[PDB]
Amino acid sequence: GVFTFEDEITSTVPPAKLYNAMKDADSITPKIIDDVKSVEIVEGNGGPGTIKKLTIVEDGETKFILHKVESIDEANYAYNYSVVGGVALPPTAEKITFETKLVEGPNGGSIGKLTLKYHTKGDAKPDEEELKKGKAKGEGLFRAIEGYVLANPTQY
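Okay, now the structure: that chain only, the form deposited without 3,5,7,3',4'-pentahydroxyflavone.
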């Protein structure tokens, strides 16, 4: 089955800036997110279908997570990717997709939608702690990218 949660988020940063910075997430995130050590391209040019390998530390334990880029759409200010492999993928999960979509806000900022989609095989239910952790990671990445833009106003 597929279990989805969609949450609304806001930022004072306008969406083109946020989108541009999301495209540089591979170099922004390891600096900001202490548990993300590095991001390496396994295959591809950075667009849809690119597989990336993230080196993480969780509780003193080094782990590898594989992400597949799903879509990068300027028109929706969208940056979507999937967890496709590694320990970050729970035993119950076939795939976890993270989607971000932005629109212009009323005050020159952004209104965002963050979507977490958790695919399971057949009637298997997801681990509920996984929804929580997935929600927080999606929001954590968005806040990282936002934080970097706010702290570096001439970069974007």
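Residue numbers count along the first chain shown, from 1. Whichever C-alpha set is largest while still superposing within 1.5 Å between the two forms counts as the rigid core. What changes on going to the form deposited with 3,5,7,3',4'-pentahydroxyflavone bound:
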Contents of the next structure:
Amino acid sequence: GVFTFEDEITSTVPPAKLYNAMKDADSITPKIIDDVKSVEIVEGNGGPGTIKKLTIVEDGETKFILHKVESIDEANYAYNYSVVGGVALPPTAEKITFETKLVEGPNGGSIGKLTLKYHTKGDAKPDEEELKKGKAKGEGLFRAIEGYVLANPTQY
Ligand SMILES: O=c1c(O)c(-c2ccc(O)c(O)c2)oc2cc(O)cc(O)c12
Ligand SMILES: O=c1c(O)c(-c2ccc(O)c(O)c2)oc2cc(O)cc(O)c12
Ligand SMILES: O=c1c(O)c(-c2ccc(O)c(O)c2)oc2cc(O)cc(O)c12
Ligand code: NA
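Next up, the form deposited with 3,5,7,3',4'-pentahydroxyflavone bound in place of the form deposited without 3,5,7,3',4'-pentahydroxyflavone?
Below is the whole assembly, all chains and molecules, this chain first.
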């Protein structure tokens, strides 16, 4: 079945800037986040259907994660992608989708909105430990992209 929920996060960076920065996440993320070593395109032109392989290291072991780009709407500061393989997909789960939107926040910042859709195989229930771990990783990612923009004000 599908399990859906929604979370929010804030930034002092305005949404057009932050959105443009999110497009360069493949190049930014490896620099800032210790564990992420590379992000490579396995197939596609970056738009919908593109498959990406993320290489990380946790506790000395090199692991990989597979993302698929679902859709892109630049007018509405929106990017949707799914985890479709690797360590971040648990064996009980078919797929985990992240639907992301940025909106104008108060005080010239941004509000980021995430809808998370966790698709399970059969009667299996979503893994709470993997969810908790996921939220921490997603937060980190957002802060890293924000951090880059704040630390490099001339770019964007
Ligand atoms: O699941 C993960 C993930 O998605 C990201 C991430 C990295 C770069 C990107 O450009 C992006 O969109 C996401 O980092 C991670 C780092 C970890 O140590 C463990 C994970 O499980 C993830
Ligand atoms: O709302 C959110 C959001 O949009 C993003 C995000 C991630 C990758 C992208 O490429 C992107 O454009 C946005 O991460 C988040 C992480 C959280 O812990 C909570 C959130 O609310 C978001
Ligand atoms: O379970 C979650 C999860 O996996 C991710 C996530 C986001 C971006 C990534 O690049 C990533 O690998 C994971 O965010 C979350 C954000 C929440 O607010 C709550 C969650 O439960 C998750
Ligand atoms: Na790194």
